[PDB]
Amino acid sequence: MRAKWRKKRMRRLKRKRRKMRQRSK
Amino acid sequence: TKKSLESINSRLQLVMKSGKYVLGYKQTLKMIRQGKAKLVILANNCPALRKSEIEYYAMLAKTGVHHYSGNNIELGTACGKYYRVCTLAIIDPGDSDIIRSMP
Amino acid sequence: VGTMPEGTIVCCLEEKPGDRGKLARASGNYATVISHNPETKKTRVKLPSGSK
Amino acid sequence: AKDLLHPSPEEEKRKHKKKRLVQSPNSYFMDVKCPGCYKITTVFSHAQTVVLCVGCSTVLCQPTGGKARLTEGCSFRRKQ
Amino acid sequence: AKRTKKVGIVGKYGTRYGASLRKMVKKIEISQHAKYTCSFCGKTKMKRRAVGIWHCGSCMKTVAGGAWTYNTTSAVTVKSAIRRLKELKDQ
Amino acid sequence: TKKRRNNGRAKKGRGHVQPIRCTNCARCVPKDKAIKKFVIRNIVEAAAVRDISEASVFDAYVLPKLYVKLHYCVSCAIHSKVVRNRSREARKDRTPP
Amino acid sequence: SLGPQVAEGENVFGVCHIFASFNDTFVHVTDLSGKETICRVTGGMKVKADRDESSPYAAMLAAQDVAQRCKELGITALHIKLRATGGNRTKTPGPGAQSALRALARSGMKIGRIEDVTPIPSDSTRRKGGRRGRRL
Amino acid sequence: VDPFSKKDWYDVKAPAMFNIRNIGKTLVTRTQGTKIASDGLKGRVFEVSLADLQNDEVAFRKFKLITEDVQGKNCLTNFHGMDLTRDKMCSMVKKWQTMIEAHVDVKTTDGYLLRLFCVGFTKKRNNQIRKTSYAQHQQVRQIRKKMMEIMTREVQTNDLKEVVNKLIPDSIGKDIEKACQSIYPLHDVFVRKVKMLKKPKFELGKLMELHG
RNA sequence: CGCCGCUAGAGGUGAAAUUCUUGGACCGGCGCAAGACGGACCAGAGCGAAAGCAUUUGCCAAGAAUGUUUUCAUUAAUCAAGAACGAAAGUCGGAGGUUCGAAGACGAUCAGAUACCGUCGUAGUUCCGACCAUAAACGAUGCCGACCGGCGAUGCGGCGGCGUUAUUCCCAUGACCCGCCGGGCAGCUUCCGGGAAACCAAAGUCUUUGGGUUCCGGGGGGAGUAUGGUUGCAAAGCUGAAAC
Ligand SMILES: [Mg+2]
Ligand SMILES: [Mg+2]
Ligand SMILES: [Mg+2]
Ligand SMILES: [Mg+2]
Ligand SMILES: [Mg+2]
Ligand SMILES: [Mg+2]
Ligand SMILES: [Mg+2]
Ligand SMILES: [Mg+2]
Ligand SMILES: [Mg+2]
Ligand SMILES: [Mg+2]
Ligand SMILES: [Mg+2]
Ligand SMILES: [Mg+2]
Ligand SMILES: [Mg+2]
Ligand SMILES: [Mg+2]
Ligand SMILES: [Zn+2]
Ligand SMILES: [Zn+2]
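For the record, the sequence lines run as chains An, Ac, AA, Bb, Ap, Ba, BO and BB. If you're matching positions, the first sequence starts at 1 in the authors' numbering and goes up one per residue. If you're matching positions, the second sequence starts at 7 in the authors' numbering and goes up one per residue. If you're matching positions, the third sequence starts at 104 in the authors' numbering and goes up one per residue. If you're matching positions, the fourth sequence starts at 4 in the authors' numbering and goes up one per residue. If you're matching positions, the fifth sequence starts at 2 in the authors' numbering and goes up one per residue. If you're matching positions, the sixth sequence starts at 2 in the authors' numbering and goes up one per residue. If you're matching positions, the seventh sequence starts at 16 in the authors' numbering and goes up one per residue. If you're matching positions, the eighth sequence starts at 22 in the authors' numbering and goes up one per residue.
FYI, nobody ran anything at the bench for these hints, they're computed from the structure. Where hints are given, some of them may not hold.
Unchecked claim - Pairs of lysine-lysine, DSS-like flavour, derived with a Cα cap of 30 Å:
| # | chain 1 | residue 1 | chain 2 | residue 2 |
| --- | --- | --- | --- | --- |
| 1 | BO | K50 | BB | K56 |
| 2 | Ap | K48 | Ac | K87 |
| 3 | Bb | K5 | Bb | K22 |
| 4 | BO | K50 | BB | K222 |
| 5 | BB | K152 | Ba | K93 |
| 6 | BB | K144 | Ba | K34 |
| 7 | BB | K109 | Ba | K70 |
| 8 | Ap | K80 | Ac | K8 |
| 9 | Ba | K37 | BB | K115 |
Can you build the whole structure from these sequences, using the hints too?
In structure tokens, the structure reads:
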């Protein structure tokens, strides 16, 4: 796996976890 | 063109500190009726009535006419005083050569 | 419009000659004049919609 | 090994304005015998302004980047 | 002091009407309430009247201008194009 | 490591050069990095010159040439048999005869 | 018909537009102006199969049939304009042009001068391939 | 039906001064009802290079002709345009020269206004080692003024017969090559293209004046 | 798109098919409209602090180098905080929309393709306004300064050379040729010296280690993740750890 798509998957996971935090502030 | 305007600004810088001049329409009318004024400078955006009248007094009294191509704010920049001005009168050019450049 | 060259940007014109202004009158608009015919005096214009 | 104490004058003419030891410049003063009246006018070599002789009102030097070119048939000399 | 950090002139509305709407109303309310420098008298006393009308306190010279600013950039483009097609070969 | 001192292309002073498309696979390549050639061709087959030389109307004074700036990228030019590889001291070479 | 002029030694000229592509080949015979198409035969008209319509055998049969019809309508000589798809595509002509010049000059059809009017653009509106373009 | 049994044959007469005036022959349909025969003749053009018109000038420098009208089975044409062939134009572009362009709109004496172009190149002077030979670009801005200036006097006060007679030996090119010498040694000067944008009037009287 | 002629195919591929086609496609001929783009000339050439910049023309200010017996007389270098620019993509308004084309649609290839191939086509690609401040933003080489081999070039100034050549007829700048000076982009060679080597006139002048100065790294993973603060409309950026 490229470092490119590794950063992309960690970035998408970060956006999912940010939505979870904003869903329960 | 650009050398002409740079000549105008530099010679106005010299007249600013060396020569003697009056400002304002009402005060320049005294100098043009007394003939003490040699050369009048009118801003671009002065009203056409006042421009025609000053040019008519100059063509009566044998006096050099110049149209400063520029707004009356930067005519005040040219004369080096913070307020705006529409009419310069070089009644005594001390060191300059503004009158000995064009007429 | 017969005097002006093509590319002239006008407003407040007449459809038929002599009805004192119909086309392109609203705020901030313009018609554009193109393609004169010398004989049979007609002229194309672009309206503010896109109608030629 | 190279004698930097006493270099060759062929080298000293070829080298730059300030690379050499005494660092004298390359310019000179030239005396122009005017074609018009008679007057000898002292003028600099790499002059930057136009040079008007005060009598004849003829342009002596067109100033140019580098050294100025003259008008027409005006000798000069080297003096120090 | 500096009493607001972001809203500027739009603070008179308050917490309602929406963020992007206040953001886009800011940049043209400043334009329609700003004093402009008159090109005729040279003073800075232009003020907007009813929409399209601009007025200067000195010399009472009333100029038809833009709806929110003093000149539309499109209108300046049209004036430059009109003077160009004017002196283009004299019609 | 550096395989080449010039990094393949010839950009040294510049910061950015225009890209130009390749002919085969249509990839944009900076125009010094690309493999550049220039085909000067007789527009006829050189064997088929003589057939037109038989039935030509004029006295064989018309001789048309076709000139094409031909423009390859390296990823397909090597497959298309132009820029064949060399050795360590053979990369220091210039123009082929 | 009788067609043009008699008094042999004089030639009647026509312009032949040859359009050589990498997946088709056109031969086209027109008058000196360009409106009046005299005879028009492609490669796929002469060859049944789909992949052979850029092969040089197709240009020979198209050339033989057009050289037949031009002799039928009584025009002797041909100036030859040659071209390919030149907008963004391959500026070089296809393989069919080498065949079509030979198989026009072989059977009658005397040839004047030949030009290569391939439409070369000034500055290349975007290419069909993409960034990295064709892969395999 | 076989419509080439129907199509009619005209001959194409060239305008004056080339050397000979037989271009070739064309073919339309037939004047039938609404379709008059002279309609497409008014629209057709002709692309023909020299050595058959001007009798052994240069082989390149094509000419474009617009067929004015027809006159007793003879269709006559007026001048339309002048172009160069693709092989000659794509030749003489060498890697280490400096190609110089020029273009100008210009009106003739009569109602014709026409646009014409210009191409120029540098030249390796003899006894030269520096293989580049570029120009300092200020001579290029000088020479674009020069090549725009001279074309205005060969076209602006002249009419069409005289400007075509100037285009026969390229007297414009030989004049620019002569006047160019003090600025730079240019080489292979041509006008490369001239094309019309507006024709004044049909003028069959001017057509007969073109003849004699 | 408008007409004009001809005529059954035209695209498109590893091979075909989706698609357009007697309601006349593709093809030729003329003309019009729209938007994007400036090939060939274009190079180990220039300029810009970089990101970048290629049709002509004018206007507007700006800058390097060179020449200088010009002026000022230490005003200098590097810089935490702070600040201006900063490609592509992305976001928000307004205008239009040629080509290309994420997404999406099909047709084929394959065991499967949602992938490469082909046909259509969305946002974007364009311009004008604002934001985001990231890249293999690469010479993977901080900045200033000095010293240490040569050689032929090339670009820009400056200088020297009854060599040649174009004007009209001196005269100058024009165009080559010869050579020198300044600094710029570079290259060949070498046992200058270095380094782990590839290689480098700097990556040298280092165990004989010290010219000035900013930013930085301390086995790999966890990880530029969590968690706080801060910027951003959002995408996210900046700062940034531990358990194991
Ligand atoms: Mg490797
Ligand atoms: Mg880069
Ligand atoms: Mg495969
Ligand atoms: Mg067509
Ligand atoms: Mg951008
Ligand atoms: Mg989005
Ligand atoms: Mg919105
Ligand atoms: Mg909206
Ligand atoms: Mg598409
Ligand atoms: Mg970074
Ligand atoms: Mg640094
Ligand atoms: Mg850095
Ligand atoms: Mg030089
Ligand atoms: Mg000069
Ligand atoms: Zn006022
Ligand atoms: Zn390719």
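Do the hints match the structure? See the list:
| no. | hint | verdict |
| --- | --- | --- |
| 1 | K50(BO) with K56(BB) | 16 Å, holds |
| 2 | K48(Ap) with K87(Ac) | 27 Å, holds |
| 3 | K5(Bb) with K22(Bb) | 16 Å, holds |
| 4 | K50(BO) with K222(BB) | 24 Å, holds |
| 5 | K152(BB) with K93(Ba) | 23 Å, holds |
| 6 | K144(BB) with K34(Ba) | 29 Å, holds |
| 7 | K109(BB) with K70(Ba) | 15 Å, holds |
| 8 | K80(Ap) with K8(Ac) | 25 Å, holds |
| 9 | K37(Ba) with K115(BB) | 15 Å, holds |
Figure legend: structure checked against the earlier numbered hints; every hint is met.
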